[PDB]
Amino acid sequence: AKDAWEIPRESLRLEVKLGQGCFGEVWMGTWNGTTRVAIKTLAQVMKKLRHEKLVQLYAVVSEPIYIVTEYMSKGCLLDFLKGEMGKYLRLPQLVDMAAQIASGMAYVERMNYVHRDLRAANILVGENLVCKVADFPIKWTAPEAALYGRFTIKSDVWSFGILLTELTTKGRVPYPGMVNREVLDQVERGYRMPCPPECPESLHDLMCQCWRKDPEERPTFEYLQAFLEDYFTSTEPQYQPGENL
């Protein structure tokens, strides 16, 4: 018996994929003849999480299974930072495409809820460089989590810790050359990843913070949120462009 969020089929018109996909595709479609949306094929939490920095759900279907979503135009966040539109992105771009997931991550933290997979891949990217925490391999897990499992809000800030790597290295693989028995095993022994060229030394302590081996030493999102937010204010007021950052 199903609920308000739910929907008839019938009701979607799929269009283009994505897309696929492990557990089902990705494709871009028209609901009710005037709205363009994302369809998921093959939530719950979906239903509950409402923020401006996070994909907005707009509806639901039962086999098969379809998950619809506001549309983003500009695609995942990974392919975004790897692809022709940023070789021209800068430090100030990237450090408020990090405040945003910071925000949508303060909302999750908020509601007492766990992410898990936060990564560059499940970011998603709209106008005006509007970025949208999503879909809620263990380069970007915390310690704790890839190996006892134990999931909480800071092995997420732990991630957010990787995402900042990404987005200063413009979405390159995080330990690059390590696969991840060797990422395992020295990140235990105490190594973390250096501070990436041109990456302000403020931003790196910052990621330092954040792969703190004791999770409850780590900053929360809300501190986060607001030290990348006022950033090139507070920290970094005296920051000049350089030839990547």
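Superpose the two forms; the largest set of C-alphas matching within 1.5 Å is the rigid core. Residue numbers count along the first chain shown, from 1. First, how it differs from the form deposited in another entry.
Per-residue Cα shift between these two forms after core alignment stays below 2 Å for all of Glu222, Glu25, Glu229, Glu236 except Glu25. Taking 2 Å as the criterion, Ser202 does not count as shifted between these two forms: its C-alpha moves by less than this amount when the rigid core is aligned. Once you line up the core between these two forms, the Cα of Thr35 ends up 2 Å or more from where it was.
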Contents of the next structure:
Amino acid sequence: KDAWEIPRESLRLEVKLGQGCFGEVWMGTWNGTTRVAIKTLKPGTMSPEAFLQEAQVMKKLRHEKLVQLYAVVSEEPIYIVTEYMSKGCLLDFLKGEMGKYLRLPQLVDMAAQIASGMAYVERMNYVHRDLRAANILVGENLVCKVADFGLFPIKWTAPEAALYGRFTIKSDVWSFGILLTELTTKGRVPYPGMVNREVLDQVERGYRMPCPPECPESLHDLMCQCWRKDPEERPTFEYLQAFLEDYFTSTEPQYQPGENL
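Same protein, the form deposited in another entry this time rather than the form deposited in one PDB entry?
For this one, just the chain is written down, with no partner chains and no other molecules.
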């Protein structure tokens, strides 16, 4: 009934990318030419209206650094069609064969992109609630886009959010700080060696992750600003974007490439 609808013959489902509890994820082709990602709803598992809220949100939030909705099939069996990002989630990308080649100039640039996407979320007064590398999609030429696989993650979650349910754009900023450690460690789990119960407490006592090996101190300092006890004292995404884009001229103009970063 809307301009997003497509015939069912428009979609070729080519390669299965993952199975969930409510359906599947496929790489495929829309209109014989456009490479596409296809999200499946297994009937009976979830309200059609519930599954289609994903598309409704993706219609309202459009930006070059947010995952793009292409089309829907809104009658059961339902299909949600989005743009195909050829490198998968950032986490897998960072951990995989491409890990070793990425250095700080690339990693900061990816950060700048994510920040930009999140700066749009900021302008829209939306909250992500689960920003981290597993929810970032990577495409050609290191293009990064904010996304949500919808599939707890206290290690990435701001204390006030984890404890008191206070999820804001500022608990997103905290998460972005943790995202920065994922970028600088090539995808390792944050707070290595600590279980979930060890993180929540120590963070409340004021523990913050130390500067990762080879990371410039100015970048760790930026993480620390994202990790301030007081949500309102955390920097805006607009600020994070600008800082990251200008990093190699204004902040670290003497940066020398090392072993890993």
